[PDB]
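Okay, here's what each chain looks like letter by letter:
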Amino acid sequence: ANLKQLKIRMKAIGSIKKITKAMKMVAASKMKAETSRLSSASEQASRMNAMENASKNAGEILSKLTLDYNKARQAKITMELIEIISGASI
Amino acid sequence: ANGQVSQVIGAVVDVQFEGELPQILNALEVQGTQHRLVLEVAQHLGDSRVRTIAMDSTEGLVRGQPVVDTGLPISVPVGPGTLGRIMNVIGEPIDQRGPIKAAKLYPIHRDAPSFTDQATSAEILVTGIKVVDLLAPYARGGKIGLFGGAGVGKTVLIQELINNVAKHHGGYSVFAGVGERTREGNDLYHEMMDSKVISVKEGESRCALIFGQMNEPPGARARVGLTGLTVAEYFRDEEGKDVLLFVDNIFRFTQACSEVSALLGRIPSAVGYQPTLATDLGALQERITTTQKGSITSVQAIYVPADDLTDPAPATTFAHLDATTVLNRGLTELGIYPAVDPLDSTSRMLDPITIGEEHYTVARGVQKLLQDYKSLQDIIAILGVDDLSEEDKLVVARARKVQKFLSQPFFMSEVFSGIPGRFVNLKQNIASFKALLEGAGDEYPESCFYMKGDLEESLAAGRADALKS
Amino acid sequence: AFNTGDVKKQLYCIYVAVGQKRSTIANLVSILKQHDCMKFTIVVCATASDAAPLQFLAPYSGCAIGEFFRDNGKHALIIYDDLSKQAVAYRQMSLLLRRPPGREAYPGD
Amino acid sequence: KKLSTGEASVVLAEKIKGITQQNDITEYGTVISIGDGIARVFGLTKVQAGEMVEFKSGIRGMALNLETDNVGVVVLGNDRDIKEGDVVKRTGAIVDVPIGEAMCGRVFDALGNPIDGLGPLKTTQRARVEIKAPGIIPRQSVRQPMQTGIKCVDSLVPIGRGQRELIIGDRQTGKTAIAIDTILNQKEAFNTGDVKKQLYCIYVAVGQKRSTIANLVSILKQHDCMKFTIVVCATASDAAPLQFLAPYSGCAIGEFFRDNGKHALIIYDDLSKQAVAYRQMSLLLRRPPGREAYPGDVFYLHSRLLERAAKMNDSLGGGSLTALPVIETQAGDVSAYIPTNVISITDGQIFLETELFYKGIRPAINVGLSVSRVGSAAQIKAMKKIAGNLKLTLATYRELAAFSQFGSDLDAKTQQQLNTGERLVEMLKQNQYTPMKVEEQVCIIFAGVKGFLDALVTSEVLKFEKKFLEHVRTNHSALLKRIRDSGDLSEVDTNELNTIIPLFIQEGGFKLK
Amino acid sequence: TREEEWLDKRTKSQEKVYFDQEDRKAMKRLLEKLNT
Ligand SMILES: Nc1ncnc2c1ncn2[C@@H]1O[C@H](COP(=O)(O)OP(=O)(O)OP(=O)(O)O)[C@@H](O)[C@H]1O
Ligand SMILES: [Mg+2]
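Sequences listed follow chains A, X, W, Z and S, in order. Sequence positions in the first sequence follow UniProt numbering and run 24 to 61, 247 to 298. With UniProt numbering, the residue at position 188 of the second sequence is 215, and numbering never jumps. With UniProt numbering, the residue at position 96 of the third sequence is 315, and numbering never jumps. With UniProt numbering, the residue at position 271 of the fourth sequence is 302, and numbering never jumps. With UniProt numbering, the residue at position 27 of the fifth sequence is 54, and numbering never jumps.
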């Protein structure tokens with residue numbers, strides 16, 4: 024399915040997953056500080257949990273898209289090879 | 028010499044014969060070559076012509092050159108004379124140690140064992156490694172897939188298997204290098220004769236070596252695997268003992284078959300492989316099994332191209348694998364140097380029916396305990412230790428002890444590490460892990476369950492530690 | 220049903236196996252013999268070592284054995300261990316026949 | 032059927048006439064068809080596979096397809112010269128190329144003809160282009176380093192003599208640059224006279240324009256690194272068979288040194304292009320095409336070549352032939368056909384990224400993917416120790432780089448690791464045509480792993496490198512001499528180094544923080 | 028299914044807003060400075 028587009032979409036999700044993972048790290052640090060200081249901490253806790261869930265969901269989608277990219281890659285090799293063989297037969 | 032070379036196309040060679048023609052798969056020998064050049068018959072084109080694949084470089088051939096029909100497929104010398112000797116695909120010695128002493132010469136191609144002589148009720152092959160015999164048992168006479176990077180634990184693990192199978196069992200081993208880097212071959216051959224796995228003195232060297240170098244043309248890298256397989260079949264049938272067949276990554280065997288098919292002009296399959304992928308692979312994998320006389324257990328390396336498990340080659344291969352042994356780099360960093368991962372490694376023979384209920388329960392419990400610890404590690408990296416309950420801390424301690432326990436010293440590496448190896452047996456292994464899950468060792472220190480053979484050894488060390496203070 | 224004799228319910232069982240390991244089929248028969256369920260079972264084995272045409276043909280041979288019971292008033296249950304193996308064997312024969320391959324290199328038929 | 036190319040009307044007419052005159056069919060041939068640089072020749076029996084043949088005009092050809100009724104030949108030149116009906120005589124000898132010492136310092140064609148114009152080539156003998164690689168016994172373990180001069184390579188991706196290391200990367204990432212940098216470092220031994228270290232270099236150009244080759248030769252003559260290097264050129268204008276033979280010709284020239292106990296290094300540039308030339312010859316011969324239209328034995332083509340680079344044992348002389356094949360990946364995907372083959376053949380690969388090249392990381396070496404099988408066994412005793420710690424630190428830093436943009440928000444002891452990794456990467460950078468001796472590498476890598484660089488500002492790392500080397504080279508010359516002779520970093524030298532480095536950082540004008 | 032376009036649009040929009048405000052400030056400050 025136009026492996027070029029799939030790879031672009033795969034690259035985007037990886038950046039999203041990476042940025043979301045980093046924010047979870049930052050949220051843990053900031054949540055620690057507030058609990059030490061102790247609603248603000250609640251905001252940070254929800255953010256940390258939400259980023260974990262988002263990075264998890266992004267990872268699942270990235271794995272699923274990787275399967276499709278490998279599937280598309282095999283088909284492309286097969287299709288090009290068939291063209292070459294059909295031309296060589298005659 | 029009633030044959031002639033009609034045409035030459037790279038490695039492929041067509042031979043014009045007179046009178047009777049060589050049966051397919053027979054081995055033909057060219058005359059007048061500087062080195063022995065063998066041709067494997069592939070098909071009968073008609074008009075008294077055959078098309079064959081050369082085992083060596085066809086450079087310097089001439090049309091009309093005489094060819095001799097050996098009358099049978101490639102026959103390799105089998106027996107204890109091959110032990111400690113490097114053999115070629117056509118059975119020639121490449122170790123410069125003189126001619127091989129052979130009891131008989133067996134054909135590379137033969138039909139797999141019948142349905143009657145097949146062995147039922149598959150049983151474990153006790154290798155001696157705690158983790159393998161516990162979590163990923165090796166089915167006797169079954170294909171095993173080894174996923175391991177360059178130099179993680181591979182070579183030392185292979186040598187340990189050979190030595191342990193030689194001591195506990197009466198069997199030999201066979202290492203077939205399918206398209207291996209020649210440099211690595213010298214390192215392996217020299218790595219042996221240093222660990223004493225093979226020696227020049229007769230009566231020793233319980234391991235044969237078949238090598239098909241990358242610089243060899245297709246047809247050699249494709250049939251070299253069958254050559255090693257044949258060497259092992261002799262020991263199985265005649266000697267009646269258990270054999271261990273190591274195969275350099277089977278992907279290269281599959282790749283070489285694909286190349287000969289293309290050369291022969293066969294239309295390629297889905298992703299460029301030959302149409303006979305399943306059959307070409309199934310032939311070798313089926314001649315490897317357990318019989319009434321003995322068994323051939325194969326440990327073969329798996330290379331996944333592009334990290335695509337759904338690729339035809341690894342997929343058709345996994346169809347045969349009974350167990351998988353995954354070597355992990357992280358385990359090496361931690362200081363544990365059996366690299367095998369407990370969770371990633373799997374065995375199809377692991378079920379409460381083939382093995383006892385207690386063994387299955389212990390393995391599942393160990394896997395669950397290790398898996399829970401993995402989840403908690405991701406947690407503590409963010410939160411910390413105090414955040415954990417007391418049960419979680421107990422689980423961490425228990426899991427670290429088990430993980431450290433999974434390691435054990437090997438005889439082959441004792442000179443290097445200075446600690447002698449341990450051939451842990453199956454029964455004591457299961458008993459030790461069951462007791463550990465009960466908590467018999469929670470009081471002792473973690474550093475005690477490291478490179479220890481059996482639980483008793485670790486317990487004795489722990490009591491000694493208590494005495495020190 | 221075979222024990223009690225309730226013919227109306229009893230149905231014979233056919234187990235075709237394409238591209239299956241020989242050892243797997245042997246162990247399967249042993250289990251079937253252990254439970255004394257082999258007296259009414261049939262096994263048509265075309266292992267991986269067997270040539271592709273045999274794999275391609277086994278399912279049809281098994282189905283014919285079943286049509287016997289079907290046409291004679293009896294009930295038969297036929298199992299086809301993976302048909303994907305049969306398709307691979309048929310694809311092999313076709314490609315070797317120089318026929319044009321489709322998507323995933325499978326013949327049109 | 033359809034027809035047979037051997038059933039030409041002229042040949043058939045002779046049979047119908049009944050006159051059995053073949054004008055010495057053996058050792059003589061008549062051209063039947065010519066197209067795309069491939070000539071089919073009827074007759075010419077008794078011609079060996081891979082043999083040279085002479086056409087009526089004078090151009091040579093290679094008999095690659097020995098068919099029943101004809102011979103498919105690839106012409107080694109322009110196809111316009113010879114036409115149908117021409118006579119072909121077999122030379123009687125397989126293709127061979129001259130070898131010797133008198134070749135070093137000369138540019139050659141694929142067949143050994145000097146194109147530089149400096150004069151006639153005077154050599155003793157010639158060697159066959161195609162022969163079998165050494166066995167398993169003649170070989171010996173790779174225990175000797177091949178100092179490229181590149182800090183990153185010599186430290187993290189060591190190359191031992193007799194090793195096959197693959198320089199793989201996308202276009203314009205600095206692959207040819209690494210090859211030339213290696214050649215320059217090897218010049219100190221020839222100038223000094225350390226026969227043990229002398230490494231003759233061989234550069235094979237495949238599918239490259241003659242302009243860049245002239246520039247390449249000028250650089251070598253400028254740096255004087257010529258007179259011990261050999262350039263084999265199969266340019267884009269040269270026929271495909273020449274681009275296919277050049278690597279084998281170069282490998283034979285290197286085997287001369289290897290057999291005689293000398294050490295030689297051979298670089299194949301645009302090795303992937305050689306496969307393209309072979310594919311052309313194969314497709315025009317109507318051989319069955321495989322994936323990406325490459326023949327089935329493309330892999331073989333490369334194996335039999337690369338496997339000829341080996342470290343011969345002390346009995347044969349101890350010589351060695353180190354290879355450095357180059358590969359150009361289109362989209363940075365090594366899952367292609369030719370990359371996978373050459374990766375499976377070679378020991379390790381140096382993977383070059385273009386994004387890193389943009390970010391200012393030159394050489395743009397991705398140490399994550401780059402790996403060497405030989406490993407520490409090649410490095411000198413001094414490097415192995417510090418190099419291990421260096422690899423670990425870079426691995427942790429690449430893992431942490433995902434949080435680089437979040438620096439102040441993250442806690443301490445992690446941002447510190449990030450800062451340390453930056454100093455190291457800046458230290459690993461290097462200019463073009465500036466190879467470093469191994470002793471100087473040890474001092475710099477030592478300053479980096481110990482952590483002294485964390486004081487300086489990243490922008491000043493390179494200034495410290497050059498400036499500190501000048502001071503050590505000037506004052507502490509015995510220290511470097513020991514590292515060079517002994518080959519190991521003794522404890523005393525370690526303490527001496529550990530004391531002067533921070534002292535230099537203070538007295539140095541460069542700021543710190 | 029296009030996440031890359033979403034990021035690109037997000038990036039462009041936020042940059043434009045922030046730097047449009049900066050352009051306002053820069054014109055005012057230089058004008059104040061040019062008048063004297
Ligand atoms: N260490 C370096 N530092 C700075 N610039 C460099 C460095 N190495 C290479 N460059 C530049 O990067 C470009 C590539 O040089 P080079 O030809 O050696 O690589 P290449 O990949 O082989 O190119 P090509 O694809 O044309 O063969 C050149 O512009 C070079 O000047
Ligand atoms: Mg270049």
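Hints are supplied without guarantee of correctness; some may be wrong.
[Claimed, not checked] Here are some chain X residues the structure puts well away from chain A; computed CB gaps all over 10 Å:
1) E231
2) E313
3) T337
4) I380
5) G392
6) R490
[Claimed, not checked] Cross-link-like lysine to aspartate or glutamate pairs, in silico, DMTMM-like; alpha carbons within 25 Å at most:
7) A:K272 with S:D50
8) A:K279 with X:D334
9) W:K252 with X:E231
10) X:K228 with X:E211
11) W:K252 with X:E360
12) X:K454 with X:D481
13) Z:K415 with X:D214
14) Z:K77 with X:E211
15) A:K41 with S:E49
16) A:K34 with S:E30
17) A:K30 with S:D50
18) Z:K77 with X:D334
19) A:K47 with X:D405
Hints listed in this document are in silico derivations from the structure and should not be mistaken for laboratory results. For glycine and all other residues, C-beta sits at the position ideal for the given N, C-alpha and C.
Here is how each hint holds up against the structure:
1. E231: It holds; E231 of chain X is separated from chain A by about 48 Å at its closest Cβ, greater than 10 Å.
2. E313: Its Cβ never comes within 10 Å of chain A, the nearest being 27 Å, so this holds.
3. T337: violated (6 Å)
4. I380: Given a closest Cβ separation of 33 Å, the condition holds.
5. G392: holds (27 Å)
6. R490: Non-interface label on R490 of chain X holds, nearest chain A Cβ at 42 Å vs cutoff 10 Å.
7. A:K272 with S:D50: Measuring from Cα to Cα gives roughly 44 Å; hence the hint is violated.
8. A:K279 with X:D334: holds (12 Å)
9. W:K252 with X:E231: violated (44 Å)
10. X:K228 with X:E211: holds (24 Å)
11. W:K252 with X:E360: Distance of about 50 Å is beyond 25 Å: violated.
12. X:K454 with X:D481: holds (10 Å)
13. Z:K415 with X:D214: Holds, because 20 Å separates the two Cα atoms, which is no more than 25 Å.
14. Z:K77 with X:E211: Roughly 40 Å separates the two Cα atoms, so the pair is violated.
15. A:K41 with S:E49: violated (30 Å)
16. A:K34 with S:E30: holds (9 Å)
17. A:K30 with S:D50: violated (37 Å)
18. Z:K77 with X:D334: violated (49 Å)
19. A:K47 with X:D405: Answer holds: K47 of chain A to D405 of chain X is near 12 Å, not above 25 Å.
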